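With the hints as extra help, turn the sequences into a complete structure.
The primary structure of each chain is shown beneath.
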Amino acid sequence: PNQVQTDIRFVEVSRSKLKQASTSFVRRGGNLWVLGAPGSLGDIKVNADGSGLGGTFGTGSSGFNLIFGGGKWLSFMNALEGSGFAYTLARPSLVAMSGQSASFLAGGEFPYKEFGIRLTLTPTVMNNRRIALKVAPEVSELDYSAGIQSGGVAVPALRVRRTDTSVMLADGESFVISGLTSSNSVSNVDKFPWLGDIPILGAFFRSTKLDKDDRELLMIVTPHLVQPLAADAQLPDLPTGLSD
Amino acid sequence: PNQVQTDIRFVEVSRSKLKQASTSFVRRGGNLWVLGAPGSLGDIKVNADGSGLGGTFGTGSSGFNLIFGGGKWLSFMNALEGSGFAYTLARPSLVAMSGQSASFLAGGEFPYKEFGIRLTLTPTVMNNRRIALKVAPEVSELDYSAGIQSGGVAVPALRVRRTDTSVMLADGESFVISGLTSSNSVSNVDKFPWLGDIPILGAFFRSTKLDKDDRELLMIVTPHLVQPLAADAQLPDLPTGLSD
Amino acid sequence: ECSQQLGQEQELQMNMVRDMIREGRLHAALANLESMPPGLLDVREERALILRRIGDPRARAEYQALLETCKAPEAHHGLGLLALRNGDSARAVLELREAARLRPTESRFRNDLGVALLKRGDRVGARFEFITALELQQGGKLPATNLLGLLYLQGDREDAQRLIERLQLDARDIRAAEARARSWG
Amino acid sequence: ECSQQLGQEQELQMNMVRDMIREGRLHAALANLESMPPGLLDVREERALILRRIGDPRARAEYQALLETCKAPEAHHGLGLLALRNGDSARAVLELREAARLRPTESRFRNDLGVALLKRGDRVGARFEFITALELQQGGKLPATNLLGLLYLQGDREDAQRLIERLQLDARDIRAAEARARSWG
Amino acid sequence: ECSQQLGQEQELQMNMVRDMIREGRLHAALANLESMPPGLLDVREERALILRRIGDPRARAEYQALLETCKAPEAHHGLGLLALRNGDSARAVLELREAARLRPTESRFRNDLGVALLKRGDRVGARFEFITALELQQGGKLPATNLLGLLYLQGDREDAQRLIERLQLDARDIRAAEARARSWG
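Which chain is which? The protein sequence lines are C, A, B, a and D, in order. Take the first sequence: its letters are residues 131 to 241, 256 to 383, 412 to 416, numbered as in the deposited numbering. Take the second sequence: its letters are residues 131 to 241, 256 to 383, 412 to 416, numbered as in the deposited numbering. If you're matching positions, the third sequence starts at 28 in the deposited numbering and goes up one per residue. If you're matching positions, the fourth sequence starts at 28 in the deposited numbering and goes up one per residue. If you're matching positions, the fifth sequence starts at 28 in the deposited numbering and goes up one per residue.
No wet-lab data here; the hints were simulated from the structure. We treat Cβ as the ideally placed atom computed from N, Cα and C, and that holds for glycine. Hints are not guaranteed to be accurate.
Calculated Cβ distances over 10 Å to all of chain C for the following chain A residues [unchecked claim]:
| # | residue |
| --- | --- |
| 1 | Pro168 |
| 2 | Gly188 |
| 3 | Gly200 |
| 4 | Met207 |
| 5 | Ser228 |
| 6 | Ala236 |
| 7 | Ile261 |
| 8 | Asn328 |
| 9 | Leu345 |
Some chain C residues flagged as far from chain B (calculated, every beta-carbon gap over 10 Å) [what the hints assert, rightly or not]:
| # | residue |
| --- | --- |
| 10 | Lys147 |
| 11 | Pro168 |
| 12 | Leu171 |
| 13 | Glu258 |
| 14 | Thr412 |
Taking CB as the label site, the calculated pair distances span [what the hints assert, rightly or not]:
| # | chain 1 | residue 1 | chain 2 | residue 2 | range |
| --- | --- | --- | --- | --- | --- |
| 15 | a | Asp115 | B | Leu121 | 35 to 43 Å |
| 16 | B | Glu192 | D | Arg130 | 51 to 59 Å |
| 17 | D | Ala99 | a | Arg85 | 54 to 62 Å |
See below:
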């Protein structure tokens with residue numbers, strides 16, 4: 131045979147976690163007290179004569195917001211502990227004659257730039273029956289952010305995972321042409337200088353943020369020498413003697 | 131015969147699922163309580179004196195919205211579990227003389257860029273009666289998003305599935321020149337730190353999102369050697413002896 | 028008409044059922060139909076088809092039940108073919124006439140009714156029905172020799188040869204033509 | 028006029044019916060019409076046409092019913108052709124005259140009425156009707172020899188030869204011309 | 028139907044379980060299932076499969092419990108295969124018939140039920156079930172020789188040779204075919 135079917139196998143697994151916490155409160159009556167956590171009190175200005183606040187409190191968007199009005203007392207709390215999981219699998223296949231380039235697309239085009261499953265390759269069958277592959281897989285998807293003033297408007301970003309390399313394999317052999325393991329951690333703690341270290345009540349004088357991420361990738365290639373289905377063949381389609 | 135009729139057979143099946151859930155509530159009378167799920171309470175600001183809220187609640191667009199006003203109590207709930215199914219089939223055919231290029235279009239043009261069923265090919269019949277095909281099928285359709293400031297306005301995107309390759313077959317033989325299997329899963333859970341883990345009531349302190357997708361593709365080519373219909377032939381048109 | 032349509036989940040399944048039917052996998056098609064809901068007129072008639080072809084005894088009842096539904100024509104035709112299998116051409120001709128009436132364009136129904144008439148002796152009516160079937164089909168394969176053998180039984184050898192020329196029949200089919208001509212009668 | 032139009036679902040079907048009619052598949056056309064709604068004037072007249080050509084006994088009644096509808100001209104013409112088939116030229120001429128009157132431009136009606144007159148003996152009227160038919164048709168095939176044979180019956184051999192030259196008739200048609208000239212009378 | 032789905036955390040795990048099952052690591056698959064929650068129908072049936080194949084005594088109870096759940100077909104099939112292992116073909120045929128009924132398209136169920144019938148003596152029913160299994164599978168490997176050996180037991184040597192040609196069987200499979208033909212009976 132002089133024609134090659136190339137099977138690609140792509141897998142990505144990613145996990146993430148997120149935590150945050152902050153607290154603020156106000157008191158009234160004769161006296162007046164306020165404790166605004168970092169970035170919480172920016173919405174409000176107090177009048178010249180100190181008789182009371184002159185603004186409206188806001189809310190943190192990203193996390194659960196709890197409020198409590200208790201007459202004189204007024205308090206706000208933002209908290210969150212969340213996790214995410216993502217999984218992706220793609221097994222594109224493509225046939226091409228020896229020495230001939232081939233291309234495949236399974237995504238789309240936005241105002256034009258392509259995305260989605262892409263695959264360009266060029267198999268060469270050598271005199272020793274080994275297969276030399278020039279291969280360039282891609283797996284991309286839309287990510288919504290940013291903007292532009294030319295050639296588009298409010299165009300989204302792309303989350304892209306691609307590889308490009310050249311290898312040699314025998315019929316049926318396989319390679320992990322690419323792989324990745326990644327991990328990221330970011331933390332931050334803000335506290336009132338003295339009160340933040342109280343062993344129990346200190347938590348109410350602290351603000352916190354935590355972001356963690358992990359990821360793993362695999363791209364596997366497998367070339368096969370193939371022949372056309374016979375003229376009488378039924379085409380592939382989509383919707412003791414015991415078995416032991 | 132020196133003329134080739136090429137039959138293309140394209141099939142795509144895709145499935146999707148979607149789930150989400152969130153809850154929020156408010157209470158009044160002497161005391162005041164609020165619990166806003168992530169992204170739910172951004173519409174509202176509370177006044178300086180803490181006598182009451184100063185904004186109007188909104189609704190999540192994507193899912194079923196249920197509300198309950200019960201005097202002091204006020205609650206909102208967004209939920210959805212939905213699924214989708216899509217199927218596509220295309221069987222374009224095209225005739226061309228040996229060594230001559232041919233093209234076919236069955237979609238349209240928007241302000256100009258083409259879309260819809262497309263097919264460009266170039267069959268060569270070799271001295272051994274085998275057929276060498278240079279073929280580049282496409283199946284595309286409009287997808288509505290994004291915008292542009294030049295050469296168009298609010299132009300939509302394209303959902304594109306195309307292939308390009310070169311192969312050799314005998315009269316009547318077939319190839320699966322391209323194929324794909326894909327799967328994507330995305331999940332996210334947000335919870336109030338301590339209350340979210342209550343075995344029963346914790347569900348009301350959690351927000352969730354799930355997106356899953358699956359897909360399968362096939363592109364099949366089949367060349368036939370043909371001859372013209374006879375001068376007296378009736379043209380094709382569109383609207412024991414027993415059969416056993 | 029048939030005012031019943033199935034979803035892309037259970038109709039994409041009837042496609043596979045049909046594939047099995049024409050693949051020679053009648054029994055696997057029966058399995059897959061059994062997977063599908065019983066009482067579905069389409070599934071009911073497909074099951075009856077399989078049962079009659081494979082020799083099951085329930086095809087009779089399946090056709091019987093479907094007589095009183097939108098699947099009337101094929102139920103009548105099924106009962107007719109059952110009568111033919113039993114050799115009782117008397118009621119077979121009647122049921123085949125009814126079926127060919129209710130859905131006329133069905134080449135299969137016309138070619139079966141013509142054979143039933145030929146067996147029953149209505150040679151002019153058999154010629155009518157065979158010609159209808161042969162005209163419906165794009166040149167015919169069974170219909171063409173169904174009229175050729177009728178002509179042979181009628182002795183019009185030169186008219187039969189006229190049809191040999193027109194249809195462009197081959198000796199590979201002439202042998203079967205004489206065989207079926209002997210069969211008739 | 029005919030104030031009845033059928034939808035692109037059941038008129039795309041009458042197109043196929045006509046295709047069958049002119050294909051020689053009259054009986055298959057009858058089948059497909061039977062599929063279509065009975066009582067439809069178009070389907071009724073098409074069925075009557077098929078029935079009369081194939082020899083069915085119901086064409087008479089079909090034409091009869093359609094006489095009292097917008098399908099009047101062709102119903103009269105059908106009854107006339109029935110009378111001709113029976114050989115009763117007397118009423119055939121009357122009905123053909125009525126049909127040719129109500130829808131004059133129909134070349135078929137004129138050429139049939141001329142033959143009916145020629146059989147009945149109104150040679151001058153037969154010449155009138157044959158000339159009308161031959162003028163309507165773009166040169167004529169049946170009309171031309173329908174007037175040639177009338178001339179032959181009338182003995183104007185040189186006028187007939189004038190028409191041979193003008194029409195550019197061929198001996199392949201001269202043989203049929205003499206045959207039909209013998210037929211008339 | 029089965030109205031129970033597991034999350035991408037504990038279903039990505041069932042994928043590994045299946046990998047172990049088909050790797051020959053049944054026991055490691057059992058370990059990983061034991062890690063997963065007991066009472067999960069999927070995990071329960073997978074564990075029962077492993078237990079039956081490895082010879083554990085609890086597979087019987089696992090199948091028994093799953094009979095009253097959405098995992099009914101495979102529970103019936105498991106109990107049937109247990110009966111076959113014990114040699115009690117009597118109830119094995121009954122349970123295999125039930126399983127093949129409830130989920131017909133399962134080639135494995137059909138090929139097991141055919142063997143059970145062949146052992147029990149219902150040769151015509153065994154042929155039915157073997158043909159169903161052989162048609163379901165894309166050409167068959169066990170089904171093909173399951174019908175070949177049935178034919179050998181029935182003595183139709185030339186029909187068996189017909190299947191040798193059609194299936195394109197090889198002597199490497201003919202030896203096993205005669206061996207299993209001896210096994211049956």
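Going through the earlier hints one by one, which of them does the structure break, listed in rising order?
1 and 8
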